[PDB]
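S.K.: Residue strings, one per chain:
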Amino acid sequence: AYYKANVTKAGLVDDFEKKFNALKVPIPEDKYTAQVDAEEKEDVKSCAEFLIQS
Amino acid sequence: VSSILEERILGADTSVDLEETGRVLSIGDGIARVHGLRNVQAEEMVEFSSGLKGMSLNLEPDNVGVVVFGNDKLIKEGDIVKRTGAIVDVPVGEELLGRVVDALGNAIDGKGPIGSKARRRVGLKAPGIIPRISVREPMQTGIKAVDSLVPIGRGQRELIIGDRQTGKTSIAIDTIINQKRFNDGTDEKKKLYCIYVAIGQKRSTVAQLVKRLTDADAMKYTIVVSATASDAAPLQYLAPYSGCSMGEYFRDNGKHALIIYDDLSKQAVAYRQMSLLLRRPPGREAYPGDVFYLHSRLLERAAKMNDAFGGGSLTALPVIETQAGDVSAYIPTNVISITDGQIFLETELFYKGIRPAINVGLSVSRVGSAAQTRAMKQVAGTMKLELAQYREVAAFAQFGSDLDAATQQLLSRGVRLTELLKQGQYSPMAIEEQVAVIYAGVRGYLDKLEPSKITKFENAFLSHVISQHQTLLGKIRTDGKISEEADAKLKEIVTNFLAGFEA
Amino acid sequence: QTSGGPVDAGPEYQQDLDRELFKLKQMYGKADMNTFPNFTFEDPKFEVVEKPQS
Amino acid sequence: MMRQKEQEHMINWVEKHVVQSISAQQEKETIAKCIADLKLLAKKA
Ligand SMILES: Nc1ncnc2c1ncn2[C@@H]1O[C@H](COP(=O)(O)OP(=O)(O)O)[C@@H](O)[C@H]1O
Ligand SMILES: [Mg+2]
Numbered sequence: 055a056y057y058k059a060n061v062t063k064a065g066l067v068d069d070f071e072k073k074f075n076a077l078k079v080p081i082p083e084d085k086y087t088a089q090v091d092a093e094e095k096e097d098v099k100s101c102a103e104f105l106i107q108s
Numbered sequence: 008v009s010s011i012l013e014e015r016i017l018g019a020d021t022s023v024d025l026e027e028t029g030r031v032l033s034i035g036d037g038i039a040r041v042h043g044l045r046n047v048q049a050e051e052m053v054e055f056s057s058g059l060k061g062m063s064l065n066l067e068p069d070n071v072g073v074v075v076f077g078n079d080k081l082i083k084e085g086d087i088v089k090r091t092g093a094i095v096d097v098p099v100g101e102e103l104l105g106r107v108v109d110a111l112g113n114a115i116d117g118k119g120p121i122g123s124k125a126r127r128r129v130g131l132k133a134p135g136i137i138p139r140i141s142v143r144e145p146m147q148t149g150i151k152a153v154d155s156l157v158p159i160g161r162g163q164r165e166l167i168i169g170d171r172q173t174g175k176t177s178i179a180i181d182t183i184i185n186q187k188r189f190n191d192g193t194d195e196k197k198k199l200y201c202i203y204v205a206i207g208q209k210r211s212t213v214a215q216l217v218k219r220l221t222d223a224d225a226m227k228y229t230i231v232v233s234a235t236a237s238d239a240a241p242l243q244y245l246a247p248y249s250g251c252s253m254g255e256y257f258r259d260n261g262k263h264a265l266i267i268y269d270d271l272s273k274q275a276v277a278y279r280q281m282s283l284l285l286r287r288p289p290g291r292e293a294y295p296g297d298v299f300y301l302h303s304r305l306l307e308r309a310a311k312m313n314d315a316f317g318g319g320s321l322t323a324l325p326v327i328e329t330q331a332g333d334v335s336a337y338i339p340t341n342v343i344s345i346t347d348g349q350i351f352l353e354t355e356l357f358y359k360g361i362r363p364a365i366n367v368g369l370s371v372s373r374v375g376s377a378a379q380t381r382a383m384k385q386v387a388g389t390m391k392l393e394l395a396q397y398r399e400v401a402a403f404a405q406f407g408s409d410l411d412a413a414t415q416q417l418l419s420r421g422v423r424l425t426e427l428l429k430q431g432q433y434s435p436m437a438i439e440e441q442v443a444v445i446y447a448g449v450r451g452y453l454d455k456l457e458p459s460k461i462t463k464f465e466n467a468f469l470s471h472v473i474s475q476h477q478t479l480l481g482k483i484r485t486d487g488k489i490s491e492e493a494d495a496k497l498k499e500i501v502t503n504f505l506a507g508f509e510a
Numbered sequence: 023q024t025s026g027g028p029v030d031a032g033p034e035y036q037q038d039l040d041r042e043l044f045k046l047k048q049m050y051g052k053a054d055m056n057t058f059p060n061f062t063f064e065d066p067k068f069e070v071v072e073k074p075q076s
Numbered sequence: 164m165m166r167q168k169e170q171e172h173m174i175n176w177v178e179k180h181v182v183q184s185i186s187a188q189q190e191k192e193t194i195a196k197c198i199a200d201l202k203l204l205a206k207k208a
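Protein chains in written order, with PDB author numbering: chain M, 55 to 108; chain C, 8 to 510; chain L, 23 to 76; chain K, 164 to 208.
Read the hints as simulated data drawn from the structure, not as lab findings.
Built from N, CA and C at the ideal position, the CB exists for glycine as well.
Some clues are possibly wrong.
[Claimed, not checked] List time: in silico BS3-like cross-link candidates among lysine-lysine, alpha-carbon distance up to 25 angstroms:
hint, chain 1, residue 1, chain 2, residue 2
1, L, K47, K, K168
2, C, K227, C, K197
3, C, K262, C, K124
4, L, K67, M, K95
5, C, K209, L, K45
6, L, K47, C, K118
7, L, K52, M, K72
8, L, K47, M, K73
9, C, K89, K, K206
[Said to hold, decoys possible] Here are the simulated distance ranges between beta carbons:
hint, chain 1, residue 1, chain 2, residue 2, range
10, L, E64, M, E71, 24 to 30 angstroms
11, K, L201, L, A31, 42 to 48 angstroms
12, C, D191, L, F61, 48 to 54 angstroms
13, L, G51, C, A93, 39 to 45 angstroms
14, C, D314, L, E64, 37 to 43 angstroms
15, C, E102, M, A55, 21 to 27 angstroms
The following block holds chain M by itself, in its conformation from the complex:
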């Protein structure tokens, strides 16, 4: 409302309002948590055989 009253350029304020308030971007992905958790499980298994040997 404030930027529509200030900017007298017709079409531009509703254009930016539509292209900005309906703008969505996703979270940047990982593809590493699966590796970290699998390496966690592997070192836990090696730590468990170390456990039973101790």
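Position chains C, L and K with the ligands against the provided structure of chain M, taking the given hints into account.
M.R.: Relative to chain M, chains C, L and K with the ligands alone:
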């Protein structure tokens, strides 16, 4: 367009009226001997016909010395000089906040006109012994050195004296940038409206100053008042009285206000120019007599008001430079004599390595522990006494006079607290982190830890305490005193962090 | 009443407009007055820590 | 900046046109209003 039309044709009254004038004799160098004004009152704003104000001083039976507010080309010999009818005055409001205002009231920053409401006379009389009450509130600056050795009181004046290029304006802007966290908070008693009167500086320094304050989001306490070098000598003369009148408006309404008088010696030298052009006899260093009376009015316009007079305070801190560190010059002796608090920078510690460069024992705050929080009072008195002991033992044992365990203890604790008091530019911290870090420095736990490693200790310690100890700092700053459970908890956290620091 | 453009302007009017507009072009870059871009999609890539044996 | 420089152009052309017209305007109602003003200040003085 049409609104501009109607405001132009309705705003000016064009109400002509018979009015006292007088022709002009010698218009020398911004001074004008005016013949005729036989009913002008002393120190009055008067108006030259080209649209420019002047101030009538030095009323003599021949003529009146009006000293002009601006350029001198626009005045001839023989033109009229109309009496405005009142003493020179400054338009003050709370809509004047965050706007650079040229010394009278004229906001030269390109953001529209000032929405002022309360005009105020600028040469007012300061309050007496009954309307004043003593310093009570702890005016914090965010500087560890200031808030732990020379603390300021909301209700007080305290110099920033040094030599040129030492960090005095930077100390003033640390003091400004600290108080954002008290403005955006809850208590009105904490909130800050400050007035930075830049006297005689250059316009790009004020422009980059406004850049630093806008980038630090300072523009609701701040009121920047620039009387720069190209401005006339009465604009540089009259500018800190304008900032004082705005501070008096906030004070007498009951809001805690302050004024930083940056480069107050420029007011002294502009008033020297004015007196020597109005042909007053010169005194010492060609400064006239009443320069002390000038700064004495200007600096005794500030102390805490009575509880029946709103409760608003004023904090005057004027910045003054010496030349070659000569404290014995005329303007530094006068302005040390009027003020009580004074922060001394010698500069050899700036090139030696401590920042901000308070070289110290010359600096004193007469209100002392009354203007600290209870925690900082409980911690940092033994620090000041230890620094006194350290300075005198290093001064006589420069060469290794006698080194027992006590003298190496004194030099160890002194050097470690010296590297505690180092602090980067434009990074003020709150009072609770200062209590935490001077607790980690004075109460043991840092005495044998390799003095080059104190700065990384500072960084990792502040990261630790801001990481998982925010509610405990809330307990420290809201409870006032550092309680005994918080005392032993700070002991445990600094011990754990000493382990994690030797990890 | 003298509408239809700024009155009796002369060329230096538009020259001052062009210099002020040129400094204003300097204060953002070479973007467009409509249909704003969002970002360039970067990727945070933290390297996998490994160990031979614990 | 558009409205600023158009405002400056407008205000300077207004002042110049005022100089152009009123520099060549005499019809003695100026002097008549002025003697009426001296008469009004006489009645209130
Ligand atoms: N805490 C600090 N850390 C680092 N540098 C500082 C600090 N305080 C001041 N300075 C230095 O001080 C200089 C500014 O000095 P200034 O306050 O402008 O003195 P003056 O106003 O007398 O010229 C800057 O160059 C800055 O590097
Ligand atoms: Mg300075």
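S.K.: Compare the structure with each hint and give your call.
M.R.: Hints, one by one, checked against the model:
| no. | hint | in the structure |
| --- | --- | --- |
| 1 | L:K47 <-> K:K168 | 18 angstroms, holds |
| 2 | C:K227 <-> C:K197 | 13 angstroms, holds |
| 3 | C:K262 <-> C:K124 | 17 angstroms, holds |
| 4 | L:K67 <-> M:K95 | 22 angstroms, holds |
| 5 | C:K209 <-> L:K45 | 23 angstroms, holds |
| 6 | L:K47 <-> C:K118 | 22 angstroms, holds |
| 7 | L:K52 <-> M:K72 | 23 angstroms, holds |
| 8 | L:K47 <-> M:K73 | 23 angstroms, holds |
| 9 | C:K89 <-> K:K206 | 23 angstroms, holds |
| 10 | L:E64 <-> M:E71: 24 to 30 angstroms | 27 angstroms, holds |
| 11 | K:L201 <-> L:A31: 42 to 48 angstroms | 44 angstroms, holds |
| 12 | C:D191 <-> L:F61: 48 to 54 angstroms | 30 angstroms, violated |
| 13 | L:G51 <-> C:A93: 39 to 45 angstroms | 52 angstroms, violated |
| 14 | C:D314 <-> L:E64: 37 to 43 angstroms | 59 angstroms, violated |
| 15 | C:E102 <-> M:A55: 21 to 27 angstroms | 23 angstroms, holds |
Hint violations for this structure: numbers 12, 13 and 14, all remaining hints satisfied.
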